[PDB]
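Every protein chain except one is present and positioned as in the full complex.
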Amino acid sequence: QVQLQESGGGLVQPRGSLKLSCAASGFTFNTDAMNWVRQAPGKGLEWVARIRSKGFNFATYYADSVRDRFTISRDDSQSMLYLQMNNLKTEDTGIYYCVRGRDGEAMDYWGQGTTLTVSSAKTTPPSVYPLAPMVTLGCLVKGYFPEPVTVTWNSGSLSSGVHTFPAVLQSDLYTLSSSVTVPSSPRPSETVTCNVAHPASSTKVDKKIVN
Amino acid sequence: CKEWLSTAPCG
Partner (left out) sequence: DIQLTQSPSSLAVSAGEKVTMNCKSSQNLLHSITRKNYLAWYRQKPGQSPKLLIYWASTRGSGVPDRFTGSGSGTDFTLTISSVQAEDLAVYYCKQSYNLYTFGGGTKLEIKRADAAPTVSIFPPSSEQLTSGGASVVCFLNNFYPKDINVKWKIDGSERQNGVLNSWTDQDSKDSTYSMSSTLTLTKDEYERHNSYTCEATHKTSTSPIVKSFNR
């Protein structure tokens, strides 16, 4: 199956530089044109760059706003697509998608994306607080930076009845909550844990909602 | 193969 996996996003300071990468799988990379599309925080999509195949002498195209700053390139032998970003600006904050785009048709497959935040602020670990009282239990993930944070319940066994509310920015820091509803029986008899991960600071906390 | 709309290869 086609698999586009991007990596390398993160927190970077204005006027800084970052290099994204995309590992392609499941199709003949050597023949397709590849693109990078981005999505600004709570906005629509904006096509960024495009690199045609070797059969078209590796022709590159760049959006007006990204021209002369970014640099799309590829490695057909490794099936890697790269986006070297320079003179980064706050406007470049967002998720960057790796898109397979056949020349003549349309943008076939998109990756899962990789977040990129451009700010002078600093990485701050999140504080996980166990919100203890079909009974609802919650988990308060507050005061972290930058976005994103990954919240799961019981490592994954608890996916239904869960609601993870979008983070809200406040005084340079983010705050997020996640609620889970389980039958009155499996609590406190069956352990319920709040799993939180903040990549930007290699953080991982298993907060068991005990009470 | 110079134009954006191209579809016929070259070299």
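As written, the chains take the letters A and B, and residue 1 is the first residue of each chain.
What we mean here is this: a residue touches a chain if its C-beta (ideal position, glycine included) is under 8 Å from a C-beta of that chain, and two chains touch if they have at least 3 such contacts.
> Given that one chain is not shown, which residue among A:10, A:16 or A:130 touches it?
Among A:10, A:16 or A:130, only A:130 touches the chain that is not shown.
> Since one chain has been left out of the picture, which residues of chain B touch it in the full complex?
That gives, for chain B, the contact residues 4-5.
> Identify the residues of chain A touching the omitted chain, counting contacts across the whole complex.
Counting only chain A, the missing chain is touched by 35, 37, 44-47, 50, 61, 63-64, 97, 105-108, 110-113, 127, 129-133, 136, 138, 140, 142, 163-168, 170, 175-177, 179, 181.
Please note the rule applied: only the chains that are shown with their structure count from here on.
> Distance-wise, how many Å sit between the C-alpha centres of chain A and chain B, to the nearest whole number?
Distance between chain centres: 33 Å.
> For chain A, which residues count as touching chain B in their complex?
Chain A residues touching chain B: 52-53, 55-57, 59, 61, 103-104.
> Going by the contact rule set out above, which residues of chain B touch chain A in the complex?
1-2, 4, 6-7, 9-11
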